[PDB]
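Asker: The primary structure of each chain is shown beneath.
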Amino acid sequence: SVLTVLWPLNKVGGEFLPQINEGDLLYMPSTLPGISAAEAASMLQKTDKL
Amino acid sequence: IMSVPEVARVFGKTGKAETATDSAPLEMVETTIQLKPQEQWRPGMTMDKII
Amino acid sequence: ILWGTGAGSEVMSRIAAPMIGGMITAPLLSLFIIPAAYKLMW
Amino acid sequence: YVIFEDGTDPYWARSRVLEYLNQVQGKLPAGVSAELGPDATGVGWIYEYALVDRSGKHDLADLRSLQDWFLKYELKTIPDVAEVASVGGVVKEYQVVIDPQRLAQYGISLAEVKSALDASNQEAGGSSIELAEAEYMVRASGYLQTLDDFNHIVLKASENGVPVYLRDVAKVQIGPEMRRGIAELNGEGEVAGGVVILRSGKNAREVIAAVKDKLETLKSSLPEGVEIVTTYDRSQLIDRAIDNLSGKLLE
Amino acid sequence: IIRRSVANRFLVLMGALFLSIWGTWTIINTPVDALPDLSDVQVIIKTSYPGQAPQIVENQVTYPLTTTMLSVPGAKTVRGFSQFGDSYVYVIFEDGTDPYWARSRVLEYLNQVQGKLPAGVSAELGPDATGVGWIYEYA
Amino acid sequence: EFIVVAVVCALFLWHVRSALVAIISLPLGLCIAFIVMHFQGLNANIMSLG
Amino acid sequence: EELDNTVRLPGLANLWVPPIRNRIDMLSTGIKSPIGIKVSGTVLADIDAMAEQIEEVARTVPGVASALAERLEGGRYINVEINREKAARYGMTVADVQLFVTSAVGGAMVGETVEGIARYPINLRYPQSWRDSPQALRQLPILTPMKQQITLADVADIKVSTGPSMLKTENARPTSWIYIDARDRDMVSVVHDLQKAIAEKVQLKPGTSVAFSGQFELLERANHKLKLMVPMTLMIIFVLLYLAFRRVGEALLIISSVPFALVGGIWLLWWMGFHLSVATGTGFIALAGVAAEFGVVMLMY
Amino acid sequence: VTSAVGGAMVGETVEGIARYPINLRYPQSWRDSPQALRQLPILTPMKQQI
Ligand SMILES: [Cu+]
Ligand SMILES: [Cu+]
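Protein chains in written order, with the entry's author numbering: chain A, 546 to 595; chain B, 596 to 646; chain C, 998 to 1039; chain D, 94 to 344; chain E, 5 to 143; chain F, 345 to 394; chain G, 647 to 947; chain H, 747 to 796.
Just so you know, not all the hints are guaranteed correct.
Stated by the list, open to error - Straight-line alpha carbon distances no greater than 30 Å define the calculated BS3-like cross-link-like pairs of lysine-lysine that follow:
1. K80(E) x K842(G)
2. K312(D) x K169(D)
3. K873(G) x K556(A)
4. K678(G) x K851(G)
Unchecked claim - Using C-beta positions, here's what the derived DEER-type ranges look like:
5. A782(G) x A133(E): 52 to 58 Å
6. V10(E) x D671(G): 55 to 61 Å
7. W552(A) x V365(F): 51 to 57 Å
8. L129(D) x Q635(B): 42 to 48 Å
9. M573(A) x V848(G): 32 to 38 Å
No lab work stands behind these hints: they were computed from the structure. Backbone N, C-alpha and C fix where the C-beta goes; we use that ideal spot for every residue, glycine too.
Can you build the whole structure from these sequences, using the hints too?
Answerer: Okay, here's the thing in C-alpha cells:
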C-alpha cells in the first residue's frame, strides 16, 4: 500500500504554493522601453475600454 | 625593526588611515609588528627581552 | 472548505486534503496495526 | 568625541548625537563634511592587509586606486564588517599649475580661472523629443576625461577671434595628491593597503574567516605582479587563546 | 495530577470567563488584513529629477546616494533603480529588524548626502507602509 | 463545523450537551491562540486565520 | 483567459496578477528567476561584454537555462557631444552651451509661484517648433556672449544612438544581474559545475567579480535547516513517545505507523486535483499529530 | 594664499564609480620659502602687478 503512495510522491503532480484570489485584477505587461507620453495616455484609454 | 630576527612581517602607518577612528597626524608613526611563531628562532629571549 | 470558496480557500484545501485522505487511512491503521505490531514486537 | 554613561544603548546613542548634526551642516564651508564615526570601537580593527606589487609594473598611485574602488567595495559586503579603511598610497590628482607670467600677460585673474574650471566638467539633459513614435532622450557631453581636454578650456575668448586656452596659462599634469597618511611594508617600500574594522560586538573570528575567503577568490581578478599580503590577523590570538584553554581543561 | 483542579470546579469556570470577557475583546478589537507583510524590511530612498537620463541620473544623484549608504549599519544590499527622471535606492536588513530602528539607521548618512547633490534634487525617505500598504484607491 | 461536529457526536452518543462541550472545547482554544499572536504582534492575515 | 485573449497588442506581453501580491511585487528588489548571476564591475563595458559570455555558457551547460545578459539597453537617445574647441572659439563655458540644452531645449523649471498653501511650477523653454526633431535641434539658435548668433551644430555634433533604458547596481558598483533558470529541479547541482566550467576556459577582466543569487541562495539555508530539524524533531519526539508506558517498543511502532496514514492522505490530493505545497506539508503535520494521538490512547487499551 | 600658495582642490573628475581630485596652484618655485613667498605675484583687479 505504501508503494502506491511512493508513485504519487515521486510524481507529485506539479506546482507549489497557491496563487490566491483577490476580488480584483491587476494588469501589468512586459512593455517596451521608449514610448511617447501621448501614445501612452492613448494606449491606456483604449486598454481601459477593451 | 626588520633586523630583529624574531619579527616576521612589519607594517608602517605614519598618519591617519581613512577611518574616523584613526586620528593620527603624520608624525604619528604606528607600525604593526607581526611576530614569528616561537619554535623559531631563539632560546632565552622572552617577549619582554624582545621589547 | 473543500468544495466551496467565497474568498481565500485555495490555501486551506492544500492543508486540508491530507487530513481527509489520511483520516480514512489513519483510523483503519489504528483498528488493525496496534495488535499485530504489539504481538509481533514480543 | 562625545561621551555617554556606561551601557547607554550604543545605537540609541549615536542617533541622539546626530540630532543636532543637521543644524550644523549649513554653518560650515563647502570643503567640509561632518562625518559620523564608523560603527566599531577602537577595539574593532581586525584584519590588516597590504597591497604589494611583485615587480614594478603596477604604479603606487595605481594601487591606492585599486584598493579604493575595487577592493574596499568587495570587502564592505561581508556581513559584520563595518567600514574598510584605506591606508597609504598616492591619490591620482589632476593638477593644473598656473604660471604668474602667463596670467599677467593675458590679464586673466585667478578668480577667472577658477570660475571656468568649475564651469567645464558637467553633464546635462533636456527632456525627450517625439521623433518617430518612441521618445528619444536628449543628453549632452561635458565631463572631463582627457588631459588634452583640460588644456582646451576657454578663458579669454574674443570674436573674429582667437581665444585663450588653459593650456596657455598652465601646465596640466597628473600628480600625487598631498599625502595625509603613508602606508609602508618593511624595506619592500611604500605600499597602500586597507584595514578591516568590526562593527561592534560580532565574532571577529567569523568575520575574518569570511574575509580570508573573499581575498582568496579575488587574487584571481588581481593584476599582474601584485598580491594581498596580510599585515595582521586578529584571528590568530583568538585561536591561540582558545586552543590553550581548551587543552587545559581536559588536562 | 489533573484531580487538583476538581476540588474547585468553580475556579476553572471563573478562570474560564476571565477568558470569556478577555477573549471577546482581544480577538475583536485587533487588526484584520488579507495576506502578511512580506515584501521584506527596507527603506525606500527616492530622489527626484525632472528630466535627464540614466547615465546622468545615476552619475549625478544615485551615485552620491548609493555610495554613502554602503557604510550604514545593517545594510545587506544597496541596490537601486536609476532611470529617466528618478532614482530609487532600496536598502535591505535581515528579517525582523525593528522597522523604525531600521529607517532611523539608514537616515544617518542621508544628511551627509544632501549637500552633494544638485538643487532640483531632494532625497526622499520612503513612506511608512510596505508595498502591501496600498488600500483604498479612489478616482 | 461546530454544529455538524455536534450533530455527529449526538448520533454517536444519542445526543448530549456535546455542543455545550464543543463551545467550551474549541472556542477557548481559539481564544488562547488569539491572545498569543497579540503577545508577539503579528497580523491577522488570512493564514493566521487559515 | 478571456481577458488575456481580449487585450492583445504589439510589444505587449500580458501578465495578470491580484492587487496585494502585485504591489508587493514591485518593491521587493528580488530576482524571481531561481538562479541569477550578479556580475560586479567597475565599468559597464566589462560587465556587459562579459554578460553575453554567460548567455552561451548557460545554454551549453546541461539545463534549460534561459540566459539574458540584459533586456535593459533599449532606450533611444540624442547625443549632443559638445565640441570644447569649437565652443572655445566663441568663448562659451560648456555650462552655457548646456543652458540651451537644458532650459531651452528641454525646460527645467526655474521657480514655483505661490497661491497660498499651493505651489505651481514655472517652465522656461524654446517653442515646440525648435524642439520638434534632431534637425530642428541641429539648428538650435544659440546667442553667444559676443552676440554672435549661431546654431547648436556649430558648437557640437548631435547624433542619434541607442542606449540604457535603466541602470541597476549592487552597492554603488554597476552589476548586471542575468536571469538564468530551469524549473522544478533543485538547481543546486547545476550551479557548481557551471561555476568551475566558466573558471576553466572563460576569463574575467581585471577589476571584476561575479556572484550568483535568486532562489538558489534560499534553499541551502531552508532545506539544510529543515533536514537538521528532522533529527531534532525526531529525537525530542522519541523521548516523548515512551513516556506514558515507559518502553521504546511502542515508540518504534508509532514511527512505522504514521507514514501509512500520510499515504492515505496524499492520495486524496490526486482525487480532488490539489497540488503539494508547504500547505500540504502543514496538512501532513496535522495528520501525523492526530494519528499519533490515537496510537498513544489506543496502545494503553 | 589659498589656491595659489597652497592648493585647495577646485573640483573632482569622474571616471565612473571613481573620483580623483583637481588641484590648482602656483608652481613649486614660488612656494619654496618665505622669501619666495614674500614675492608671490598678485595680479590686482586693475591689472596692477605686485
Ligand atoms: Cu597613535
Ligand atoms: Cu587643437
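Asker: Indicate, hint by hint, whether the structure satisfies it.
Answerer: Comparing the hints with the structure gives:
no. : hint                          : in the structure
1   : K80(E) x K842(G)              : 26 Å, holds
2   : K312(D) x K169(D)             : 17 Å, holds
3   : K873(G) x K556(A)             : 21 Å, holds
4   : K678(G) x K851(G)             : 28 Å, holds
5   : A782(G) x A133(E): 52 to 58 Å : 45 Å, violated
6   : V10(E) x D671(G): 55 to 61 Å  : 56 Å, holds
7   : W552(A) x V365(F): 51 to 57 Å : 42 Å, violated
8   : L129(D) x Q635(B): 42 to 48 Å : 44 Å, holds
9   : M573(A) x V848(G): 32 to 38 Å : 36 Å, holds
When the structure is compared with the earlier hints, violations turn up for hints 5 and 7 and for no others.
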